[PDB]
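Rather than the whole complex, this shows some of its chains in their spots.
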Amino acid sequence: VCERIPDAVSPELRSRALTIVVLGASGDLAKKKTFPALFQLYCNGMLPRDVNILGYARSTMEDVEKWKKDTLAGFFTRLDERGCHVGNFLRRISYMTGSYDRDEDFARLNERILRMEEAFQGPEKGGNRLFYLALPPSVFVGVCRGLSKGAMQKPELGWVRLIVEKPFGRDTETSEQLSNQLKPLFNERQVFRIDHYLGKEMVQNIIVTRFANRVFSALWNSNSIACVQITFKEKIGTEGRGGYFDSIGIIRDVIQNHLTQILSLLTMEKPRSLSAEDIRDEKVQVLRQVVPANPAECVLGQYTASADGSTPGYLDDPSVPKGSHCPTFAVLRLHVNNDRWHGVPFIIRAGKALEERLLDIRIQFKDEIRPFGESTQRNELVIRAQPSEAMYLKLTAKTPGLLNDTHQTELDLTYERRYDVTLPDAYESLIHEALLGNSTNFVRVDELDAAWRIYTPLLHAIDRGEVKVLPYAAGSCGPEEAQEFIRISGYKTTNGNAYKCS
Amino acid sequence: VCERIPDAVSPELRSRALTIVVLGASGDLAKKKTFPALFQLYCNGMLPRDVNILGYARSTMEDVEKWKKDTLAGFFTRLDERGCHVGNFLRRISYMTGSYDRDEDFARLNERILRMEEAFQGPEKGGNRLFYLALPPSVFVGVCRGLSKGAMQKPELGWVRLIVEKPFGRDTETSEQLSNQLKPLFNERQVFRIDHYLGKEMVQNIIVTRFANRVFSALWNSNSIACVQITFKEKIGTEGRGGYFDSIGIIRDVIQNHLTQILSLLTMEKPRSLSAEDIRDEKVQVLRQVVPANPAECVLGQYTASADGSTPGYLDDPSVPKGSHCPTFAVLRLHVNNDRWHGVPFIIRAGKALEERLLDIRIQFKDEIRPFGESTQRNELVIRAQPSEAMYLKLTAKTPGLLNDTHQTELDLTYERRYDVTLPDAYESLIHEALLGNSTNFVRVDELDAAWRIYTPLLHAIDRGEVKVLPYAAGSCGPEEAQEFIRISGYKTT
Amino acid sequence: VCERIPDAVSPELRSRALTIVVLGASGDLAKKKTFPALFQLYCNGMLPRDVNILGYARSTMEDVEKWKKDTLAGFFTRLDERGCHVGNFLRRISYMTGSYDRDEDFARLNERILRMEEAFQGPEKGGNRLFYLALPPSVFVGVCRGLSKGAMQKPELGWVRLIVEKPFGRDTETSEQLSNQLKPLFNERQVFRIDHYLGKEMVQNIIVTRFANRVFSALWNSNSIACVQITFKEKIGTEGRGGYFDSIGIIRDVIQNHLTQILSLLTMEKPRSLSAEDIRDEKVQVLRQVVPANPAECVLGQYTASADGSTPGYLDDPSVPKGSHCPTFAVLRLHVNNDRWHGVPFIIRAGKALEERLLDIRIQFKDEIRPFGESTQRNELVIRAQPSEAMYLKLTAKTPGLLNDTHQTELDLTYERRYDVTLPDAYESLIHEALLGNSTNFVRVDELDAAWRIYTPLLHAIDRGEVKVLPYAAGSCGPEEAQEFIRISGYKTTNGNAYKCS
């Protein structure tokens, strides 16, 4: 039962050759997310039938075909809808052992690209290159310098694009210098600094729901909005890779990158055009007006063992350094300093080993005092990006029936209920958009700095030991102090119920 | 299934006696809507156990109990849950034959009433009297004068309330006269001028959805709203009851009353309080600012026989006068002259023998020009009061999937899907509210005036033969000219 | 150059007789404000030439004509245009000695009015009666009961109207009692509770400037207005009449009556019609939404002796009780609890023995953050009701000349510069409006209650000794704590007005 592959290959891609180099092909991200996404884009018939996926990792691969069919293929998802195509697809993937420091190996990479670029039977004799750098931050600049030297495409004979994965430094100084390190190496246009939250279905609709509809457009200002809440929740802890996380922390890992992006699209002014840079310009413009996070206006947590004992404590990890104070949870109150968001509190929440898995945006409107008084409560527009993709506006309506009373209700749109479409993984969209050359869903340098500049002073205060990191039971709602702070920060509504929650 | 009726009748009605007189009990409205609604209020245990429903009509009855069990009872609805209660309920209804002009017959209705509240075993002496006047407009003032003479309750011994059914005159001059005819007879507080749309579940939420929510409150003005459309659609025509209709017409029958009612609620400013008098004050205030309908800003229709022939032509009715020009369909463009509704077009639609049964309100917001251009289209808040009571906001969203495209969608709330509750008939709410003394869902005299003053000049122009009445096939969408006029009036197809 | 008397007398006042009884005619208010205003209305040709002004006081005066020509007439103002008319006018005023408690003295009042109405050369045989009660609060109910008994006009022969003066109780309980005391005596329609601020030129334009202009109408809400300041300033102290003031205080004397009035017209929603009760209904409606003044949100003062010795201390008055803590100055922060004024601070200021004489309203708009930043500052619409009647909108504009800099400026309208008209005294308008039957510029009972209910809890706290009364030099800007509180309350702009002020 497998759906056929139509020709959705964009006309640009089906004239010149194609080579998708996955640098760090053995690595966890590439096995789990990159290669699987490439399979789905192939199945969609969005990649040319004669595409060349080249795996460039350090691993001394004995049987490539076994790793391809057993390891790699084990991660492909729709198989009751596209299982037969696994064979034809895998035939396009080739592996190549090599180092991220020896120029002889990058030359050996240029060598292999051309040997498989020359084999193209199409109209243009050039060849296009997309390099996915899913490699450690420890070797990043090496590979960038190596690829820019001897792995580039001849002029008027194709494009070179680079998908740069995170981390992007620990702070603004760290990131700034890395951004300087790439300036000679590549033109910004070639760089595609990937944030995957810009590939999530609900995250993409932020710009449409906000600038296609007069209903939301007229309400998106300080006069109508009383509070804005961005929430990240994860049932899982670090559990295995706690050693890795210790050096990053909840703010650097999710808040600085993923949720500041949510924040940029939520707060930005209407773009001049729907152009990539026109959209990107407004994103940076608004983060340039975000006041840097102050330590007194935040709550930090670190998870301890669950009541059941099934989830262990954060520190109860051998990889986690003894006596660590790394925050696994954070709640922040941010302020956008412009005539649109003046006064409006921005409550950003993020935590691991919590009560539920959740990604949602909450635009809480002003309370309508008269004529309903206590019979009513703040309306809020809720956009849940995961688990069930949905958008719902919470209102106050008359209790249906033979009675003169009120009740809170929803004007819901549940994606799983209303659409028979099997929505793509964030990475399918991004990789595809990068092949097309759409720099919109990719972090711009200035946009990235604008983001680092918000958290760097807070991050430093935290690292200097100035900010207290409260303990909370794994699987609970989080520290008590946080829910109180959220109330003080300006958020209301009695819709926060678990056994723990209130 | 059959379960015990609870004694949840409001404590006001608990102390003294109760008598609900249905004048014109033989009549079509009473047997189809009044009596059935009274059964449901009894089953809810909202009426006292010992309530007295008295039928009073010109009709002579051989077997009242047969008419009660066969005619009357045949109209009761929930019978898979409430079927057993039909017996106990019917036991409360009594009938009496009488003229609507002979004072003796009135002295006879009162005597029955005296004796009923004389049999009460409760805390207070005397009784409460609610009179439902579901009788022709031809005998109305006769009964009002008669009841006010010898059928009233002595002071400090109970209340008398009058549920006055429509029609309320043929125009503003006719209605004025009638209201003056009732001024000495009864105090306005006693009068309960009934418009049944005010009892519809979705029509009631108009005030809450507008003034409890900041989302709709901030948008309810000329700056955000591009057009407002009130739609009445009926699959059925005049049928046998066409002679009666000829003298009334679609404007007088539905637009003037029911739809101007929705219009008042939709346009009114936030009430000072949620008080009866505070809510109604704003209703009149806004109809006082509605510009009277001009003949050039309207389209009229009259149905022809259907393609199948199953629905005969309007004119093909023996009761319908030869060569009549009575409109069975009307579309109007109204203008509210205040700084909230300045410019905003108000498209009111109403017609019989159309393509579907429909009652909906459409609040069409301004088109958001840039950056989406043609990739987007006017948002609309849609409140459908019937068939399926639902509220949905139409919106533009990204085509779900691996696409950079748009699609129109909505944010639904379908009352049938979301609530397990068997919603009441408009008349259950109204009759109940009238027993409690809630004058909110009842037309006020100035409110009635304010309404008549909108349509009277248009109605007269029509009756003078100044306005053309276009023909349309029964069961069709209506005349072509109407859809074109709606486009010109400011409404955008979607 | 004596401006002749035109027949601009309203048609109602023509047909039936007219009798204006001034109860307490010897009293300070009557001789200083009432009688002078009646002269000006006579001169304007607004009162019938055959009008009857009857002075009913306790004083046992010998030469009435001397008191008329020397005392009374000495207070008349325009005499370089209207000086000749003093004679003809004074001929209409007559005096009567009599108690405020003996009914025989009231019957004797009825008796004289009857003789006057019996001398009327006009169409109707009855006569109209306007009673100006400018008498102590100590005898008020006595006169009301006496007039209602035997001083009323026969049915279908003329109207009776009562101009009632301040004070209207000590608090809400005191006022309630008094209003109930008058309920059987007179119909509210007959009662004309006088507040003279509704008689001031700028105070009257509050309703026009707000509901005739789209410019101000669109801005009169929480989204555009950042703060509202009502200011009362008086260069003079209690001087001799410190005894009279000790029992009243600055809140009861000006904040409760005069400035809550200014406040009602500033905050009210657009009236249904321009009708008297349609206007009055919105006034009552908005004061019903004012949250009662809390003691922690206020500053109180009591004037000390001035540096120059010219103004002695408040307590340095023989009439002022020893060790009295009566506030001569008050600043409070009020909150209107409705969707229009939600969040908007209302700073009400009032004080005697201050730096300047001033009555002004300040509608301070939100600060426009970008693109001008510190180069700009909050715009504020200023309506000054006295000294110079003016209305001016403060705005930021480019420094005129060969410069790229900013400067604050005003779009002024000065009534003495622009209009070259001799504006009437507050009391001319009011007395005239009362003869016509315009209850608009008169306090309604619910409008009086709604006002008392704001200050009664604060007033009580003050009288219980719970609120601190700070000392301040006579002729200074007031206590230091007050200016700081105003800043904290939400009021801005760098007004370095005096040596003291900043």
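Lettered A, B and C in written order, each chain numbered from 1.
Here is the rule we go by: a residue touches a chain if its C-beta (ideal position, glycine included) is under 8 Å from a C-beta of that chain, and two chains touch if they have at least 3 such contacts.
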item	value
With 3 chains placed, the number the full structure-file assembly comprises	4
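The rule is simple: only the chains that are shown with their structure count from here on.
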item	value
Angle, in degrees to the nearest 5, of the Cα rotation that carries subunit A onto subunit C	180
Distance between the centres, which are taken as Cα means, of subunit B and subunit A, whole angstrom	54
CA centroid of subunit A to CA centroid of subunit C, Å	65
Separation of subunit B from subunit C, taking each centre as the mean of its C-alpha atoms, in whole Å	51
Residues of subunit C engaged with two or more neighbouring chains	339
Residues of subunit B defined as touching subunit A within the complex	44, 46, 201, 204-205, 208-209, 211-219, 223-224, 270-274, 365-368, 370-372, 375-376, 378-379, 381, 391-393, 395-398, 400-402, 404, 406, 409-413, 415, 418-419, 421, 423-424, 428-429, 432
Residue ranges of subunit C touching subunit A (in the complex, touch as defined)	222-223, 289, 337-339, 342, 366, 368-370
